[PDB]
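The residues making up each chain are set out below.
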Amino acid sequence: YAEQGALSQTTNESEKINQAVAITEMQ
Amino acid sequence: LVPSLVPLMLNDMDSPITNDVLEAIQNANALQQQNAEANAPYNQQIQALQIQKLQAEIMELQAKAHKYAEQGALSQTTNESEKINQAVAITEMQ
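Those protein sequence lines, which keep their order, are chains a and b. The first sequence: position 1 = 537 (the deposited numbering), numbered continuously. The second sequence: position 88 = 557 (the deposited numbering), numbered continuously.
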C-alpha cells in the first residue's frame, strides 16, 4: 500500500508536469 | 493475605504430621514454580507476537491512509487538467 501511494504520488507529479508544459503549449 | 499465611500457620503446629506437611508444601511450591518457569517463554513469545501484530495494524492503516491521500491528490490533479482542457476547448469553439 505504501508503494502504491508512492506510485500515485509520482504519476501525480507527471500529470502536473504535463499541465505545466500544456499551459505553455497553449500560450 | 490468607494463602500466604498458611505455611507460617503450619510451622506453628504441634502435630506429628507437621514434618510431612511442610515438605509437601515445599514440593508443591517447587512444582508450581517449575511449571511457571517452563511455560514462561511461551507467554513472553505470545506477548511479543501480539505487540508485533498491533504494530503491524499501525503501519497497515497508515499505509492505507497514505495511498488514499495520494489517490485523492491524483484525482485533484486530473480534475485540474480536465478543467484546463475545458478552458481551452471553450476558446477552440469560439
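Think of the hints as simulated: they come from the structure by calculation, not from any bench. Built from N, CA and C at the ideal position, the CB exists for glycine as well. Among the clues, some could well be false.
Said to hold, decoys possible - Over the 10 Å line for every Cβ pair with chain a, so calculated as not near, a few chain b residues:
(1) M482
(2) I494
(3) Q495
(4) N496
(5) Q502
(6) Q503
(7) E526
(8) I527
(9) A538
(10) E539
(11) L543
(12) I553
(13) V557
(14) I559
Unchecked claim - Label-pair ranges, simulated between beta-carbon atoms:
(15) a:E549 / b:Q513: 14 to 24 Å
(16) a:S550 / b:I520: 38 to 48 Å
(17) b:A525 / a:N554: 20 to 30 Å
(18) a:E549 / b:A556: 46 to 56 Å
(19) b:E506 / a:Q545: 47 to 57 Å
(20) b:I520 / a:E549: 36 to 46 Å
(21) b:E529 / a:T546: 31 to 41 Å
Worksheet item: Failing hints, ascending?
Response: 9, 10, 11, 12, 13, 15, 17, 18, 21
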